[PDB]
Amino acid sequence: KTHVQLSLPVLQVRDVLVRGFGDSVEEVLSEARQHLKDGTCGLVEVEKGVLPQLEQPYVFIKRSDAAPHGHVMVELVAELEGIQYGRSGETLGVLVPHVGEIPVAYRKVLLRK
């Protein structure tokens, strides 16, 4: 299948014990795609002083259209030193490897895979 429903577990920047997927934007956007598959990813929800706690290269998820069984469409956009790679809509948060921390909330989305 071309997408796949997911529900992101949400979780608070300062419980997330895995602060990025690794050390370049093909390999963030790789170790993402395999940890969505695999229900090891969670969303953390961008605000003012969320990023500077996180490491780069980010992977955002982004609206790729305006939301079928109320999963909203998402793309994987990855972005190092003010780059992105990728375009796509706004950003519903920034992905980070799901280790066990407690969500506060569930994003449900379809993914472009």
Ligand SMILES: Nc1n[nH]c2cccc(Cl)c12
Second form
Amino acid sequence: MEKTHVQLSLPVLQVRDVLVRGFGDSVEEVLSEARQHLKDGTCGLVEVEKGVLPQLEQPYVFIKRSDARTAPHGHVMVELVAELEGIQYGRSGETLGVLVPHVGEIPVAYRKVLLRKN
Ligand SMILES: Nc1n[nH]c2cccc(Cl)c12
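I've shown you the form deposited without ligand EQT. Could you give me the structure of the form deposited with ligand EQT bound?
Every chain and every other molecule in the complex is listed next, the one we just looked at coming first.
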């Protein structure tokens, strides 16, 4: 059965390499698809800098920091928050990046996270 949190190492992708630039067309769909890709090992992370979000597709799925002393086993505790037309669905901490499908792009790094499944 599902533990509340799972340790994952996410590939960090450069925005110009990403082939599939979002998870879907509604807040509920992108959160659902992001969770499925995380379970399947087919999710990447793009770090947000100027110019990144306009090169990706809304709705966005962000991973955000969920606490301050929980970095168990070297993995930052995180949760999912979606954004569409400037409104956020969830409230959480600082953004670590934006999640996208991973379809074989070569990463530049890995980001260790402890992900709250729901
Ligand atoms: N990463 C995940 N492994 N297993 C899951 C089940 C539900 C939701 C998620 Cl995100 C996961």
